[PDB]
Amino acid sequence: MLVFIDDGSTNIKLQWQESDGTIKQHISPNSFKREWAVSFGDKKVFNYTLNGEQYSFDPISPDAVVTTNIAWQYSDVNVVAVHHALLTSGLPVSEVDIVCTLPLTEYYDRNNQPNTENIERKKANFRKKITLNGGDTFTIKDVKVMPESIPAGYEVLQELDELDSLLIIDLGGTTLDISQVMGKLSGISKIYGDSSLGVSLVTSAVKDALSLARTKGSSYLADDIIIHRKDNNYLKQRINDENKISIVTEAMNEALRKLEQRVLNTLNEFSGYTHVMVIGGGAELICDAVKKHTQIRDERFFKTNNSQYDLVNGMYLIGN
Amino acid sequence: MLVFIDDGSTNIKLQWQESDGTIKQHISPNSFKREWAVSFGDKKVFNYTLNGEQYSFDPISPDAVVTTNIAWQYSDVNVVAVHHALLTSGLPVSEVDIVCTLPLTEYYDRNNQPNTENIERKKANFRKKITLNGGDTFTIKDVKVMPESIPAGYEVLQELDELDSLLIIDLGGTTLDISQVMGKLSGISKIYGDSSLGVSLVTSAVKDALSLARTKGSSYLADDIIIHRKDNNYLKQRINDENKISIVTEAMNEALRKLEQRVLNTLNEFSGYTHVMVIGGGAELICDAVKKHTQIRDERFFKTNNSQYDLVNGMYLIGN
Amino acid sequence: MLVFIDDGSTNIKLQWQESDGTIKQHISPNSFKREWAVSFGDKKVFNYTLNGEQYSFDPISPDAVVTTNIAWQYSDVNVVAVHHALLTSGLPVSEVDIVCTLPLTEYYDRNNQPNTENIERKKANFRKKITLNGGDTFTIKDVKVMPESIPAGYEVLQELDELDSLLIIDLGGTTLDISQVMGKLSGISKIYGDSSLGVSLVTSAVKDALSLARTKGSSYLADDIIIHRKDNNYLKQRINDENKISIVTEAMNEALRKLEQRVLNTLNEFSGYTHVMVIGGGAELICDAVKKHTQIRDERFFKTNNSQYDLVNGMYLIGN
Ligand SMILES: Nc1ncnc2c1ncn2[C@@H]1O[C@H](COP(=O)(O)OP(=O)(O)NP(=O)(O)O)[C@@H](O)[C@H]1O
Ligand SMILES: Nc1ncnc2c1ncn2[C@@H]1O[C@H](COP(=O)(O)OP(=O)(O)NP(=O)(O)O)[C@@H](O)[C@H]1O
Ligand SMILES: Nc1ncnc2c1ncn2[C@@H]1O[C@H](COP(=O)(O)OP(=O)(O)NP(=O)(O)O)[C@@H](O)[C@H]1O
Ligand SMILES: [Mg+2]
Ligand SMILES: [Mg+2]
Ligand SMILES: [Mg+2]
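Residue numbers (PDB author numbering), protein chains in the order written: chain A, 1 to 320; chain C, 1 to 320; chain B, 1 to 320.
Isolated chain A (complex conformation):
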């Protein structure tokens, strides 16, 4: 079994092919607290131990570990998150080989050549031993690494002359990863990583607002509100203090404007790209402003209906 694991700070995305050749996808939010959870009734809890420390998957706790940083790539929580994603995917527990991911600036030196040091640090992290309480964990056999952003442009780069270049803008929870890549993947003009520019800018602001509105929860719940920002009834069902909905929506709106302006300023630093692609969960939030800011003709702008999965799908199309 070979499983493609785009292991992002916010969500693990999995893609893999079944025995009968059908392709499956699974997403798994990285919300874990440093304590075992308690099972009541029909609730199956996932309690893990790694290096003498206990964790549980907990989607609602305000004490869920905040994972919005570079260190997380090689962290213990990462290993828990990836095992948990495997254990909730529907695949039978087993040995597996995996292809995981690194941020551009971790995967590449300033010359756009692999940073074998960091690439190996990544592979070694998945050697850490982990226990699931009252159950068996998958065993992680062979580990290979790919860069983030770039693999998502695979299909599009195929029908692109080697003179054209595609700007792939990957906005995740922690990091803005930008790459400019020549047609047929014949070259890489430029990479760029900003690990202080993520949707967490918004997540963090929404989380604080929710707490003020007496809806104290995890980063995940805050993201859940960002995802449903356009649904006033959803907002009204989730947010406890009915009198403070505008505090959440406006806090969200201001951080979104900040997100936008910061992202657009970053684009000003690229030039000569003929095509523009926007991928990641953040794509939904910035795609209009990007298309507009780049004056790229409609046909040269690329945005899928499942932006969060663009990367892991590309990893699959390439490496499976």
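Hints listed in this document are in silico derivations from the structure and should not be mistaken for laboratory results. A couple of the hints might just be wrong.
A pair counts as met if it fits within one copy or between any two copies, since identical chains are not told apart.
Unchecked claim - In silico BS3-like pairs for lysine-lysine, Cα to Cα no more than 30 Å straight-line:
(1) 190 to 43
(2) 144 to 230
(3) 144 to 244
(4) 184 to 303
(5) 129 to 24
(6) 216 to 141
(7) 123 to 244
(8) 258 to 216
(9) 144 to 303
(10) 141 to 230
(11) 190 to 258
(12) 184 to 44
(13) 244 to 292
(14) 236 to 128
Assemble chains C and B with the ligands onto chain A, guided by the hints.
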């Protein structure tokens, strides 16, 4: 192995003969940035170090080194460019002897005798030591120099009486090299070099227009647009701002007219030539206006289908 | 009040005259993070808001905004930086008229005539409204623009015949600005701007080394190490990992050699200058190599003891 290397500012042209006596040609655009490039996927990158400075072949970057000047003949970038051309030719890495080129006014004193000082400066440049990242470079053994322009007239000069004289007009990226040479190469009436009159006049203008049209790229991409100027669909695929194609084409057209007028005025300064030849990548742009301006009878006008290679082919026919 | 503001990417330099006619100078490093700072004890913090975004002056944070680019000339951060310089100058908050600066290639078209479009874009940037937290900002009334490099040669150009020409080499954090100007400022032979050739080449390399040496800081701290490169005790007090001082000094030394070679190659493109001047913070790093490379006689080489202020002083001597 003896390789003929017309090492121009814009493109290295190579010609050499295989073991089984077949003649090969290779061209290699001189687009390099002072930074290593990043390999993603199946992209083989060429990262070099010369005198503690790093370079990569980069065809698209707007920061590619602009090489349109005389200094480049003896520069470090030249050495990188020549090694890169060798490494992309398909010849197995090795020792080689090479015959390279100098512009007329560098190769010759005012008396049309070799400028041994400059000729030696040229040979010594190729002694500079260079490293390819994760690979071996060719070793450059014996270096001999020839002048530009003149060698291209070799075949034609053969069937020409010693009384006739051939005007060889070499228009490159940086330099207009003109020579008037007597039949059987029995003499040189006159040389002329203008290093401020090149196709870069047009390249530069196209590059600026492309940037305004949000297609920020290298001089090479700009040349690529000049090469495909007659192909409206190519223009439409490459130029991002569909609303500003005329800005590129008109900027190109005006600089072309300037190129023409400047070249024609230069011709007025030669006299008594019985035959006219036009060589170089620039030949395509000026040949009609030349033929017309010189009132030379059709049979005495010389223009090949591969004008960019006329010189290196002549170097080969002469010295191989 | 009329204040001269050479607003560079790295440092704002201010010069202005007091009521009693005495001339004052102030420098202000452009180190700002996109977050308000926290005041503890006797620390006065400067927290600003511009267009719904928050900033603070922060000299040490590794997350200080990196401002080494052309866009910064018309950016929001620029406006914050200039207001902050005013607020730390010692001038009482007020209305002021200011004379600011543009890089040569922004201030001038290819013909060496004002680029009124860019010049107006510059003036309009300072119309952006900004708030200081718990305090009043200066109001910026009338704005006029001058080019960089040139104004610094004012005094020297005065005692220079109109036949002599002065090469003014302005090396800043982002840009190498070179101008060749005829005596009595009677003409401008040539301008040149390279916004990829700045001391940031070195700053960036020192910053990375400092991080490896567990002294993670801002670009400003890195510059602070470059300024004190000759002081081994300063280096030892600032750099935390005592075992890795050579990594910083050697990384600095290699980038300096790169800086030098790149600057010298640029000079090869000017000719006919009778006098050479070197200004800017970068002057300290390149002046020896310049003087040597240009073979200019000692008396015709110009270098002040306060190279960083040459330009703003010249703006003052001219326009006050
Ligand atoms: N449909 C949606 N609409 C709006 N926002 C969304 C949507 N789906 C996900 N997001 C946001 O996008 C973020 C997750 O993006 P994702 O691309 O999965 O990050 P990641 O890859 O896990 N993190 P990183 O390590 O930075 O790449 C969350 O913070 C969500 O708030
Ligand atoms: N088929 C073509 N049609 C029109 N222009 C062309 C064509 N091929 C090349 N060119 C132009 O010709 C230039 C390259 O000419 P080339 O003769 O290879 O220069 P070079 O020898 O490298 N430079 P120099 O050092 O001045 O001799 C480029 O700037 C192209 O824009
Ligand atoms: N005494 C010194 N010795 C060596 N380097 C210095 C010294 N003072 C300043 N510098 C360097 O010079 C740079 C600042 O130069 P400065 O001329 O103030 O740039 P700027 O005008 O703000 N930027 P630009 O927009 O490119 O003109 C810093 O990066 C410092 O590292
Ligand atoms: Mg991601
Ligand atoms: Mg040539
Ligand atoms: Mg400056």
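Taking the hints in turn, this is what the structure says about them:
1. In this assembly of identical chains, the alpha carbons of residue 190 and residue 43 lie at most 30 Å apart only when taken from different copies (13 Å versus 48 Å within one copy).
2. Taking CA atoms no more than 30 Å apart as the test, residue 144 paired with residue 230 passes in neither setting, with 39 Å inside one copy and 46 Å between copies.
3. Within a single copy, residue 144 and residue 244 get their C-alpha atoms no closer than 47 Å, and across copies no closer than 32 Å, so neither meets the 30 Å cut-off.
4. Proximity of residue 184 to residue 303 under the C-alpha cut-off of 30 Å is restricted to the intra-copy arrangement: shortest distance 19 Å within a copy versus 35 Å between copies.
5. Taking identical chains as interchangeable, the C-alpha atoms of residue 129 and residue 24 lie at most 30 Å apart only when both belong to the same chain, with a minimum of 27 Å there against 52 Å between chains.
6. Neither within a single protomer nor between protomers do residue 216 and residue 141 lie at most 30 Å apart by alpha-carbon distance, with minima of 39 Å and 36 Å respectively.
7. Taking the shortest Cα distances, residue 123 and residue 244 sit within 30 Å of each other only across copies (28 Å), while inside one copy they are farther apart (46 Å).
8. Taking the shortest alpha-carbon separations for residue 258 and residue 216, both the intra-copy value of 24 Å and the inter-copy value of 26 Å come in at or below 30 Å.
9. In this homomeric assembly, residue 144 and residue 303 come within 30 Å of each other (Cα to Cα) only inside a single copy, at 27 Å, whereas the closest approach across copies is 44 Å.
10. Neither within a single protomer nor between protomers do residue 141 and residue 230 lie at most 30 Å apart by alpha-carbon distance, with minima of 43 Å and 43 Å respectively.
11. Proximity of residue 190 and residue 258 under a CA criterion of 30 Å is satisfied in both settings, with 25 Å inside one chain copy and 21 Å between copies.
12. In this assembly of identical chains, residue 184 and residue 44 lie within 30 Å of each other by CA distance solely across copies; the values are 12 Å between and 47 Å within a copy.
13. Proximity of residue 244 to residue 292 under the C-alpha cut-off of 30 Å is restricted to the inter-copy arrangement: shortest distance 16 Å between copies versus 33 Å within a copy.
14. In this homomeric assembly, residue 236 and residue 128 never come within 30 Å of each other (Cα to Cα): the closest approach is 43 Å inside a single copy and 37 Å across copies.
In terms of the numbered hints stated before, the structure departs from hints 2, 3, 6, 10 and 14, listed from lowest to highest.
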